[PDB]
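Asker: Below are the chains, spelled out letter by letter.
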Amino acid sequence: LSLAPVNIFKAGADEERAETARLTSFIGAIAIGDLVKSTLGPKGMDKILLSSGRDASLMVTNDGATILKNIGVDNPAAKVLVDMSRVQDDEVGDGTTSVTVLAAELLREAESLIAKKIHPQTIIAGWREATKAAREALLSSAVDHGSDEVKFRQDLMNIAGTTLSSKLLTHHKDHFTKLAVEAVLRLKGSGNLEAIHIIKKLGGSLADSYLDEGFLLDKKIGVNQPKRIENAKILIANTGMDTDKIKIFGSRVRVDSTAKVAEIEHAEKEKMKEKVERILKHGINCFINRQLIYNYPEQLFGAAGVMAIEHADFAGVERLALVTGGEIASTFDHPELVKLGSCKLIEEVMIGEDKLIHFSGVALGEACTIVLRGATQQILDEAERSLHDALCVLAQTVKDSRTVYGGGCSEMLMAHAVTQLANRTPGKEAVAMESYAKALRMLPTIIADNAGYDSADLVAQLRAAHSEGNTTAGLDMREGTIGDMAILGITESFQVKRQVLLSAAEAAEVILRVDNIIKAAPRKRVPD
Amino acid sequence: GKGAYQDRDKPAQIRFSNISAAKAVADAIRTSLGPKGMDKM
Ligand SMILES: Nc1ncnc2c1ncn2[C@@H]1O[C@H](COP(=O)(O)OP(=O)(O)O)[C@@H](O)[C@H]1O
Ligand SMILES: Nc1ncnc2c1ncn2[C@@H]1O[C@H](COP(=O)(O)OP(=O)(O)O)[C@@H](O)[C@H]1O
Ligand SMILES: [Mg+2]
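Line order of the protein sequences matches chains A and B. Residue numbers 204 to 731, in my numbering, belong to the letters of the first sequence in order. Residue numbers 19 to 59, in my numbering, belong to the letters of the second sequence in order.
Derived from the structure by calculation, the hints contain no laboratory data. Careful: at least some of the hints might be erroneous.
Calculated pairs, BS3-like style, for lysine-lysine (alpha carbon to alpha carbon, straight line, at most 25 Å) [to be verified]:
no., chain 1, residue 1, chain 2, residue 2
1, B, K20, A, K246
2, B, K28, A, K246
3, A, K478, A, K542
The task is simple: from the sequences and hints, build the whole structure.
Answerer: Below, the structure is given as structure tokens:
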């Protein structure tokens, strides 16, 4: 009467057979895609996350990658969709909400097909011919640019104003689009997104943010050292000025008189003087170090009129070698094989209540800093998080410059290619192919559902316009009607839409093949 | 026209629970304001 008279497993271990395992994996995946659906589209809403054990850290976010990383799920099939969402954020940085909704709509349409007595291996084999016919019809519809500067710049402005839409930055979209497109062109083709330092601080409105022409450092200068020096020659170094060079051996002093100790002590103090004099042979007036500088060499730099900046980590030394143009130097033995930096004015600025070192007038300027101002701490965190999605997707368009019309036009495009294929192949796979084309057409439905429009009427108009020739038709969310995509300026990235189909089709394939869930005995937690 | 049925009451009851929480904090420090406001300890 029970699950076999004999006992195979231990106490606390559970097993699920075919008819109940499909029930757990299908309600677990739909639950994930229902919480996230509300944050999709230009008019998506926003969530609140409170921690119960992490000292009550209140964070407010919109993207569907930080929400899943925070929600603690115990469902085995819901952990796959949280992992695939993290990989999307770490690959292209945009499209986490769309990859989870699509992979959750494929599973919903695969439960009504099992109820029609269709083997799961039939659905999977029928979906493989649907993804192949969908990625061919998207590549053929891409517009390759980059041969003209006046055209490539207009393509990057449209991408930036499309990503910032669902995010809190959409209020000041005209201002944060120029800060997001100019900071990427400063990299001069290098994909090093770490070079952009986002400094956030309280006070001021969201409209007070700007992109500084030079550089900013949150460090301090030594005592009684010049605050400003015009036409500086910066030397970037990484050398140990702490106490003295310890000279790592197993050595010790074994003198027999206390006067001989005083002579050795005077030998250390003349060791650091020689090191400082070898630095000054370069003819500099701005020494920058990545370690601490003690009280002896601090006065030696201040007697010759040299600015010393101490305790700047790797993040602030690698960046300063790309801005001014110097090199990270050590051993100070050949002044002719080293290259110095350059500036035009260095001063101290007052942003709020803190002082920062300002670099006005630079040679290269391959790295920059962005100053974010806001009312609350949650706005600063969300502005930084949203701005990072604009920089990540603009670093991909420069390497692979081809764009695909978005705003619902791309989803209906691939959905029509599957329909024409499903009307050709005989057998049961014609039923499985229509489900794939049915799941792609609900992405535009959710966008129009959040805005309160008649979704069932707009999809019918789009499907009828995409089967007659109009390949650029899409949703117009500012009015509620149907508008062209090549006129309004709704543009996306080709790599982002390609990674959504391939990721959401693999996760729906791994989950669908499962027919037995075996759970081990959970590790118990010691209460006392 | 009578479309756009709203089948979810969670957003309505949450937006109303934010109003009552914020309005309650403003009522707490209303007394200490102006040249004749008292002090809290
Ligand atoms: N101004 C707009 N008009 C119409 N559709 C838009 C607009 N901006 C964004 N979208 C659409 O909203 C969808 C979701 O974007 P969003 O929620 O911002 O990030 P994610 O792509 O990670 O979900 C995209 O597929 C895009 O086509
Ligand atoms: N002598 C006064 N007579 C009338 N109004 C005053 C007087 N002094 C201050 N106020 C007003 O009281 C308002 C609130 O001040 P108060 O509650 O003391 O501190 P806060 O400005 O931080 O709220 C101010 O906007 C000011 O115009
Ligand atoms: Mg996005």
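Asker: None of the hints should be skipped; say for each whether it holds.
Answerer: A quick look at each hint next to the structure:
no.	hint	result
1	B:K20 <-> A:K246	holds, 22 Å
2	B:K28 <-> A:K246	holds, 17 Å
3	A:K478 <-> A:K542	holds, 19 Å
Figure legend: structure checked against the earlier numbered hints; every hint is met.
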